[PDB]
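Next up: a single chain in structure tokens, the form solved without ligand GDP.
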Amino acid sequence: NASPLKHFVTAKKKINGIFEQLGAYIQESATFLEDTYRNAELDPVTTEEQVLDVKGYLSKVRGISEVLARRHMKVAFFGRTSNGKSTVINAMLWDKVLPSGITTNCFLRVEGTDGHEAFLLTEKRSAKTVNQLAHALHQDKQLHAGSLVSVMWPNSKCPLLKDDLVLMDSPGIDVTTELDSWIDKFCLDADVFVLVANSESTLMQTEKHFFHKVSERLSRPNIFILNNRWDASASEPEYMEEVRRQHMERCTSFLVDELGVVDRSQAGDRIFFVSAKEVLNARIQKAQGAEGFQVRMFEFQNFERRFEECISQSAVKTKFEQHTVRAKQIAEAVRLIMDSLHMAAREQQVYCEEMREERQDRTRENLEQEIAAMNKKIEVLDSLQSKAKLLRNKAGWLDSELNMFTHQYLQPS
């Protein structure tokens, strides 16, 4: 079975698809309206506000097309540098992607590219090897913790990237580090937050404050707790069993009671005990070619899965909700303009028919000349009712199509 990120990858494809259909619908509607308004052999059935309103809708819809086709999922990692925040990301990308061991104090952003080698962004600085990446960051005195650097990584290497996932590494938390600017400047668009901690120590207060600010400011943030450095339990399995259950009770109370972001039932799908160092080494080994190993190796793969389910579900609902509602209300406006035009063309066709009845009450010279002109005009109006009624009904299709999307991908879960 396939990665849960396909849920996001597909829904973006559909919502991108609907907006292409909607753009073509307005383009055609704008064409039909403006040419109807321009024909000066009919009493006005449309006004120039309607034509311009629709031309505005055409521009707006093309504007939303650009932003939608760029939507992506975002996961941010926080914590102390020593707890392995950086190896965790490396483990999920199956590579040493971020400088680790002994790291720079700024925000890092990992996104994929179709090109087959790597570069930096703050221009297009090269970074072929991880030692190269550490130095480009080392030389540049100008960067700082509030700056944002993007690692643009080949997505043929990592399927996470191909599926429109962005990974963001935050600077290592310390006791007086000012996290206060962090959420508004960088994490407002983030779908899941990962606290990478250490199993046997209690969370820093500064860690806790940052994740409470996220709880207050954001709309149901999805918070995972990663307890790293857990390979110590290879040699003291009996003790670490006692310690796991104690820390599991700590993190749950933090998540369920202190923060309120998950009730007790889901808490186990949000708190994990793993060793990213082990997972990293193993996956390095696998591409090229201790005790309790498989159990810890399986927990990381399970956490990876539980995270990809969460991010894909939540990201779709958050990046597309407003754009679906906008499309539905644009389709409604264009549908009423055609509806107004269909009824005005009808009301004028009635007028012309009486004037044809009246003409046949008058003189005989040029009767059929004169009744041809009126019969020509009546046919245009009748044909206008046709195309307008068609344009009305397909706006309902768009309405039916977008409502299907809300039902499938925007239900409150």
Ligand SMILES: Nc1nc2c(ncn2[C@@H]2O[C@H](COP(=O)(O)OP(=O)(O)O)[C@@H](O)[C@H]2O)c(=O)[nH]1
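Each form is matched to the other, and the largest set of C-alpha atoms that superpose within 1.5 Å is called the rigid core. Residue numbers count along the first chain shown, from 1. Compared with the form deposited with ligand GDP bound:
- Of the residues 235, 329, 156, 129, exactly one exceeds or equals a 2 Å C-alpha shift between the two forms once the rigid core is aligned, and that residue is 235.
- Core-superposed comparison between the two forms: the Cα of residue 49 travels less than 2 Å.
- Once you line up the core between the two forms, the Cα of residue 356 ends up 2 Å or more from where it was.
- With a cut-off of 2 Å and the rigid core superposed, residue 178 has a Cα displacement that reaches or exceeds the cut-off between the two forms.
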Second form
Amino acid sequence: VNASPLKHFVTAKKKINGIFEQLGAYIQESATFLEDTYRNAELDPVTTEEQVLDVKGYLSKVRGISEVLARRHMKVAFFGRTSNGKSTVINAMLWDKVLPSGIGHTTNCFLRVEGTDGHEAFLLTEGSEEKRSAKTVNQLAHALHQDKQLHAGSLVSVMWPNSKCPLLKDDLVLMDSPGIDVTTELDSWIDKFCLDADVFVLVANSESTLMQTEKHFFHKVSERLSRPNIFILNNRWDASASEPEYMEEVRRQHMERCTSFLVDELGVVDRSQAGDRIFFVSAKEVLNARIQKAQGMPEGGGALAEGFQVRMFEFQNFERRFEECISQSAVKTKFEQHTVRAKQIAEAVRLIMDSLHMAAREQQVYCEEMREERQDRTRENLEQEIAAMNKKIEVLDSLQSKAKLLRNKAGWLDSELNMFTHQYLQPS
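Return the structure block for the form deposited with ligand GDP bound; the form solved without ligand GDP was the one displayed.
A lone chain is what you will see next.
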């Protein structure tokens, strides 16, 4: 978790999935015990049909939740005016040209990059549900054009091999968006694609300023989400090297504008945190440097202007703050409610087990007093009637002991869930 913060999410996901398997086993064991106890015709009922059916229903519910928990992931979504550099930023983070991001190109739809354990990339168009190959980035871009049905509300998933990008292997999904100016029905974008985003990145043009259409979208994000994690990349900052008489003053103005936006307008970060959310970068520099590095050549070959390493460190600082943020936030956001659910379900089963225990114990006490009163009713058959009473007392004592043991197992699950909560669900 010190090496790559995203392993925090990977490890949390493994742990809570494993707890849910143990919970399923426990509920299964309990259901079998209840069902056998309900069927016992040698005793007055110590359980009800409602308890049997409730516990079976909890098993069904827990197996459904396991299916959801297995698919949970971190999601970062990128927004900004066309040609600010969104696709280049994504490609830079993935160390490769995954999404089309060249000159003369515009992406008209949402693109969603997700890892696959497969050996080849491929495309999945949502809604239409067809699968196409994407062995090169020109082949992908060819596929987005020949699909005339794609519009600003469409989404195509790019399933990219895991072995290439640790980000993707560690359960991160990256979402690219059409230019922010393409529509004003931006409510639709948030409904469809953003409510499960753990981090939002505004990729702005550092050559100009934050556009009002860009800020307006993040006003709406703040309306829909509680303290959303918002980063601002002032991209294309290599251009500033061309205007050195302005660069430091322009940086100061941009920084104050962006800080005012996040702190005083949205109120989603404090002023002392703003330096960890706003960065001045050249995504094209980073991408080309990493492509060179990946192929075994100096990273300096990616430089577009004087000051390459300064801008590179700024992008690496962004990535570090990003991974620290998304891993901690997504673990809490994506697992807290199922953790609470698992505690409620375990408690309901514990309650049922304790009720069986009490009912058996009470019936056992009744038999023990019946046994002691036999001596006043029977002398010749006293020992046989006592021995028959003893058999029923032993069956009830066995039920009470087993029920008590299963009740106690619920406490083991609740303690595992509390330790998960302590390690992974504390607020920041």
